[PDB]
Structures are given as C-alpha cells and as structure tokens.
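Only one chain is shown below, in structure tokens, and it's the form solved without the named molecule.
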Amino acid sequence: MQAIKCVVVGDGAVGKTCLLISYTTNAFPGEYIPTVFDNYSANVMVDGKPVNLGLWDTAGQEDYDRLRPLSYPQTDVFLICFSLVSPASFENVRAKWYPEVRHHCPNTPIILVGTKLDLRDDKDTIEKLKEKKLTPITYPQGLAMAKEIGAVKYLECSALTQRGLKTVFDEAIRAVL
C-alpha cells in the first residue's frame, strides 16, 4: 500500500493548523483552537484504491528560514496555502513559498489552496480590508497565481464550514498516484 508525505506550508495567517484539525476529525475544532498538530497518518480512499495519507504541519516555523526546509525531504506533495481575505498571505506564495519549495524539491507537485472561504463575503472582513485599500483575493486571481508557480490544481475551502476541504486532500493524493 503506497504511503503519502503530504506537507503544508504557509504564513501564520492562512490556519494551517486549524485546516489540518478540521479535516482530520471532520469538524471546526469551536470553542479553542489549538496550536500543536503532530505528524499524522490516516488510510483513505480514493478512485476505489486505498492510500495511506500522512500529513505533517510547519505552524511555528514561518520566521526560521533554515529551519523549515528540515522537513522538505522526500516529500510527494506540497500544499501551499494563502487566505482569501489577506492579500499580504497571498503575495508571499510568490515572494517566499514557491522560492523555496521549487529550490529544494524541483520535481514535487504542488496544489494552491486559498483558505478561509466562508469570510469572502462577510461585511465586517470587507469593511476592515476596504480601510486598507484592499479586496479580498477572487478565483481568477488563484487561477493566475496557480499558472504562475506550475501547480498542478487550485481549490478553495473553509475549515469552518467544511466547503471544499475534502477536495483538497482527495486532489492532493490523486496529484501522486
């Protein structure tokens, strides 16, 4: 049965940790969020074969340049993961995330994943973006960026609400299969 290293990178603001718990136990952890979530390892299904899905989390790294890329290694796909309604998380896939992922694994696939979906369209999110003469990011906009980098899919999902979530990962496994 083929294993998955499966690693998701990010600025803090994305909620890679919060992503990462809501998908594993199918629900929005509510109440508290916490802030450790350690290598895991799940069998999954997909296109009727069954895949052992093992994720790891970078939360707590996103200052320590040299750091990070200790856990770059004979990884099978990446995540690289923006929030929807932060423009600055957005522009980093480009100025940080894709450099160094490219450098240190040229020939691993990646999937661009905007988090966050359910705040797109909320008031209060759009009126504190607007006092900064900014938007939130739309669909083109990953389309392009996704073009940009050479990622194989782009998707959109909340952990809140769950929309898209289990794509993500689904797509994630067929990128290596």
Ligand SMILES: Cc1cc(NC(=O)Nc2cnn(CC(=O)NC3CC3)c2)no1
Contents of the next structure:
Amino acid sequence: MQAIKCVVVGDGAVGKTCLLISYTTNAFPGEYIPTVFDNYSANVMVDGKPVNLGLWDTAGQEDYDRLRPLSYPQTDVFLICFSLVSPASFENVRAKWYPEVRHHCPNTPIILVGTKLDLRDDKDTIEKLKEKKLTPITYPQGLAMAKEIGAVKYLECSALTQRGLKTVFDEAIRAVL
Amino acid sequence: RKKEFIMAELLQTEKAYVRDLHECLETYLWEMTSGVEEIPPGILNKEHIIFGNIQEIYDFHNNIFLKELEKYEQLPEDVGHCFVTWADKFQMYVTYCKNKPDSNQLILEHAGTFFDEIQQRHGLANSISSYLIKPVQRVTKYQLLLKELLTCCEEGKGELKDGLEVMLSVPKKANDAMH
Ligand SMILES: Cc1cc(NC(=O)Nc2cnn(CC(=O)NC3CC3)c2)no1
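Form solved without the named molecule done, so how does the form deposited with the named molecule bound look?
Up next: the whole complex, starting with the chain shown before.
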C-alpha cells in the first residue's frame, strides 16, 4: 500500500497546527487550540485506491531557516499555506516558502492552500485590515500565485467550518498518484 | 483555564515525546546493536551517525526533565524556571541538529529497506525518519508553549520570559550551527 509523506509549511498566521487537528479529528478544536500536532499517519481511500497518508506539522520552526529543511527530504507533496486574511502570509509564499521548498525539493508537487476562508467575509477582520490599508486575499490572487510557483492546485479552506478542508488533503494525495 | 490547558499539553506532549524516543531506541536502534538481524555494510557501526546523541536526549527527558515538568503542574506561571535550571542539557539539541543531515543521507544512500523492514516487522506507524525529526520538532515547540502561557499569566511572568529566552536561544544556536 502506497505511503505518502505530506509536509505543511507557511507562516504562523496560517493556523497550520489547527488545520491539521481540525482535519484529523473532523472538528475545529474550539475550546483550546493545541500547539502540538505530532507526526500522523492514517489509511484513506482516494478514487477507490486506499493510501497511507502521512502529515507533518512545522509550527515552531518559522524563525529557524536551517532547521526547517530537515523535514523536507523524501516529501511526496507540500501544502504551502497562507491565511486569506493575512496579506503578509500570502506574500511570504513568494518570498520565503516556495524558494526554500524548490531549493531542496525541485520536483515535488505543491498544493497552494489559503486558510481562514471563514474570516474573509468577517466585518471585524475586514475592518481591522482596512485600518492597515489592506484587504483579504481573493480567489484570483491565489490562482495567480499558484501559477507563479508551479502549484498543481490552489484551494481555499476553513478549519472552523470544515469548508474545503477534506478536499485539500484528497488533492494532496491525487497530486502524488 | 488557558494556563491549565497549556500546562496539561506541555506535560502530555512531554510524555509522548519520551515514549516516541523510547520506541525509536528499542526498535530501530536495538536492531542495529542487537546482532539479531543482517545489517547493510553501508550503515554498519554508523549508528552514531544515524541516531546522533538521541540516546542522551532521551536520558535527559526520561531521567530528569519530565520528572521536573511534572512538579510544575500546579505552577504553570513558574515553569519558565524549569527551562532555566536545565538550559545546559538543551545544548545537546545543537549536536543533534548538526548531525541530522549526515543521518538522513546515510539512510538514503546506504540502508535500502533495512529500517522499512523493521517498521513493518514491529508494526510502527512512524518511519525511522518520522522518529528522527521529533527532537528537531520538540526543541522548537517549547517556545510556542511558553508564549501561549505568556498571553494568559500576570506580571508574575518573568518566571516565563527567562524560560522563553533560553528556549529561543537553543533552537537559534542549533539553527546557526548548520553547515
Ligand atoms: C485553517 C483555519 C481556518 C480557521 N478559521 C478560524 O480560525 N476562524 C475563527 C473564528 N473566530 N476566530 C477567532 C479570531 O481569530 N477572531 C478575530 C481575530 C479577532 C477565528 N482557522 O484556521
């Protein structure tokens, strides 16, 4: 049966740990958002071909430019993530994440994931951004970023509502088979 | 409530980390050292390159650091002091990180399905590679937990600031030690 290593990269602002917990538990953790997601594997069926899906978090390593790549070798697929309501996180896809992922894993499929879809239409979030002369990241911006980095897919998801979340990981698997 | 959830996670994840390193030592390391199985010439007597100083990191956590974190369970606001007390022990994460690249190539270039066979045999969800990243993950997670406690502990929280200083200083020194 096919083993798949999937590494999740991107800024603190994406909610990497929360994404992976909400995916694996089928629930936003809500009360307390744990800081620890330990390396994970689980059998899932995709296009009726059962697969062993491995998920590695990278939360905590955002400031250690030479420690992060220690997880990179023999990865089957990267999720490169940004928060739809952090323009900075989106620019860092271009500035930080894609370069080091290409440098170390030139021929590895990348899925571009915009997280916090539920906050893109939120008055307080929208207003907080307007005060910094910014707006949320819209769909065509993600598509255009995906194209630029060689992403096989751009996908939007919420850990909160579970909207697009299962699809993210289905597509991670599909990008490998 | 929040300082209590963070402390509980600190302790629960510390236990899992000790269990994980222990699993790694008593399966993947124990097969290489046993003399129970046939060992690719490529990796032979190079367990020190593969596992680096993970034995000594396990010993620290299992002999001392989990016992001491446990004592701070009802004292979350003080737990930064645990990291201060034991700052020197964390220097072994610098050695471990330096070596990890060398470890990983060795396993690629010279181990074929040796460890994969042991993984299947022993029934492990975690590859030797999944185990060998954990020390890297764990040493960069402590600073996250301490920051979380700083968001929800009073001005009685320089018994956190100095803990965090230490647990920011170790991973940077480990980072800055890579070639
Ligand atoms: C991935 C993914 C999607 C997602 N969605 C998420 O966390 N939504 C959410 C709902 N309420 N808050 C609290 C908050 O942040 N409120 C505003 C700053 C004041 C956050 N999280 O991770």
